[PDB]
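One chain comes next, on its own, written as structure tokens: the form deposited in one PDB entry.
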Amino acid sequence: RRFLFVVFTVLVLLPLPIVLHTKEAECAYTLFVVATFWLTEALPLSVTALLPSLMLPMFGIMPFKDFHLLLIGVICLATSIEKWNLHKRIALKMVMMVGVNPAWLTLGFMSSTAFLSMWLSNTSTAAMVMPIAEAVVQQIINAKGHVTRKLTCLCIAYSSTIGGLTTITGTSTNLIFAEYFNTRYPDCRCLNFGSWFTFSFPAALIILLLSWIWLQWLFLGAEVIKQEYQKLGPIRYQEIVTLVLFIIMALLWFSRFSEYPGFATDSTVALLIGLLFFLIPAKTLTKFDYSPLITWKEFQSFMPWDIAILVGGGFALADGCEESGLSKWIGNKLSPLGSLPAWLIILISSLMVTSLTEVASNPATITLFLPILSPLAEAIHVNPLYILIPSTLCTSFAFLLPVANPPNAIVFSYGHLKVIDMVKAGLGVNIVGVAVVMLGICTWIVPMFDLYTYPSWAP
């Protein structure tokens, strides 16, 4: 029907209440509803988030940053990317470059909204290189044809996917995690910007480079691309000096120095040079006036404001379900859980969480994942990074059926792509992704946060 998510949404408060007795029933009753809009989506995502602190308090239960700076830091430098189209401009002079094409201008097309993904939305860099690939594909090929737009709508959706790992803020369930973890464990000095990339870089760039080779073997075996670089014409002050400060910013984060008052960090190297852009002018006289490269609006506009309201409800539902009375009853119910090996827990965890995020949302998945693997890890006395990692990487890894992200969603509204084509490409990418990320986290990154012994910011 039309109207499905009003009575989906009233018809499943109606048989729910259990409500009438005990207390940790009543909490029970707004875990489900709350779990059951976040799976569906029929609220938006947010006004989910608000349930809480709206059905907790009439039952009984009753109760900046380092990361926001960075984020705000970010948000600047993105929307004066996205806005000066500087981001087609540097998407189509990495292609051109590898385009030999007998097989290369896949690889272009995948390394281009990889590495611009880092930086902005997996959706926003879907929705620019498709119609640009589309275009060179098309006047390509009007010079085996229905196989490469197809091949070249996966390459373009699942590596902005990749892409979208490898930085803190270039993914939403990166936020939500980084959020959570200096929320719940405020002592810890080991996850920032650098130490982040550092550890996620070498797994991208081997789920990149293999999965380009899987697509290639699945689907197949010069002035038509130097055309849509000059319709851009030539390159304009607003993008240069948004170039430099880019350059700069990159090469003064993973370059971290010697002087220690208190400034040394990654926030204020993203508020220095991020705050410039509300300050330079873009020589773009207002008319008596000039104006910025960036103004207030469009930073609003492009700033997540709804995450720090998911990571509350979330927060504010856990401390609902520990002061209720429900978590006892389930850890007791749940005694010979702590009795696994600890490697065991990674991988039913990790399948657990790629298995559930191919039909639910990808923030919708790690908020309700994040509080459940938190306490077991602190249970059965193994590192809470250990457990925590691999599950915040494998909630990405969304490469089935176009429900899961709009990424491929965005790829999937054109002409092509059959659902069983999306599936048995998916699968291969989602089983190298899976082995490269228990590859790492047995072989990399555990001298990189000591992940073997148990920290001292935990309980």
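Numbering follows the first chain given and starts at 1. By rigid core we mean the largest C-alpha set that fits within 1.5 Å across both forms. Compared with the form deposited in another entry:
Comparing C-alpha positions between the two forms after a rigid core fit, one residue in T198, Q300, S355, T183 moves 2 angstroms or more. It is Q300. A displacement of 2 angstroms or greater separates the C-alpha positions of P15 between the two forms, with the rigid core held in common. Remark: with the core as the superposition reference, the CA shift of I420 between the two forms stays below 2 Å. With the core held fixed, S327 shows a CA shift of 2 Å or greater between the two forms.
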Second form
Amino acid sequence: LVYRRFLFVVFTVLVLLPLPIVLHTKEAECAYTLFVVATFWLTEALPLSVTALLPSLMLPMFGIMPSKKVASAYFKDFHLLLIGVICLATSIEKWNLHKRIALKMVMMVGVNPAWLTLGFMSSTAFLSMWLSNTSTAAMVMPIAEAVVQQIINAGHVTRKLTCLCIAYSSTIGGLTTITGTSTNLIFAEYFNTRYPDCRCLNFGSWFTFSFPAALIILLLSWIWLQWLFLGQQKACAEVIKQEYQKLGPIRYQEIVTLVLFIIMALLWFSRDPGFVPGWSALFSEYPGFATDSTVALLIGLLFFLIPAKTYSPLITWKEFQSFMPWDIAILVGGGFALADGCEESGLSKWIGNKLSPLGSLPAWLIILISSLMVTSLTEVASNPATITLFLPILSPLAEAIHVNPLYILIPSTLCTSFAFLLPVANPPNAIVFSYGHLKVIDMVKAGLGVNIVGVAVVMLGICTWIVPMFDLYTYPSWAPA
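Having gone through the form deposited in one PDB entry, I am curious about the other one (the form deposited in another entry); can you provide its structure?
Below: the lone chain, stripped of partners and molecules.
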């Protein structure tokens, strides 16, 4: 009768019951670690960064990769950019610059009940474009829970609509940049490998197809969240001025931070694609040496040096490592170690030639079902796990049926970020679920209607303006047969 107490002790031993690997050679040994980590990632029977250290344990014990080969995959070029942007987000949050450019988009728009939760949507949609959406949901949500605390002192539907609009617009602003969330970053890191002579994916070629795709989302989702819930005021227009004059003039530590933000954003836009010759032609002797991560490290290391107050820098190391997520680094490294182990074992050739019967359907239905299943699966598991487990599976599916790899991997890396419904493994509707509002069914009913319009504009996006961009009907010389 005591089995329900120690519940994920007796469940975590499925090291024993699926063990049909003493019968097969090498690829079932790699498809044993793939099932175990997926079972521990879906149900979350472990702290979710402990399972990422499991490919560093049994892949040397099976004889697939050496232990110094697995350890090299735990720190890729994503981690330098992750250090560089969290060096900026520490100084944005510490010197209260996020409150400066969130109470400014409100009071510029009106305080009407239709336009207030459009400025609330567009503040975090511009904040999450550069930082991570887990960071920007932790900054905007404490502000707007205090603004509506004031607007009722000058009911329940308005506060819950504001609670879900931030958590939706944070994941809406998670795309339009590779650096906006971890999903597009690990997709770009997986795309730099496995397709070496392909030169089509950069920061300029990412903003072009994704900024029309997620601004129509923001304007078609606000109508859906307004229709579902909502259909004297000079004092409430003054109660926002109550805080914007409580904060004094703009300080030196905020001018330096926004200047270093604008300078960091003007780079990544001037190592351009074919439109403009950029500063990457200054280093013409070495084409792929200085990446987007060396820009983040050049700017983010200036926060440890520039004086702020008596000296003491803008940020210190003790308040930096108290801000950086050291779980996401280990989790992404463990995903890359398992993705690199399915290649050195021959599993992602067996999945590629066992799914060649699937290339008899039309090519749009394949990406439709591979986006629908990754959208239905990501509502219960973590988002850097659902796209982790599927990218070494969908990629040999493209190379075997003569379909472009960006034809399949692009609508599958954006639809996996459409996590609007169950708050069991989601950040932004995790942070917003820490308050005592926003019941479960009211999130699901507002989330499936925005998931429909999220999938529909991606399905009309890849059929109108991306097929003349990445040449997705004319399967290239790279990734051969």
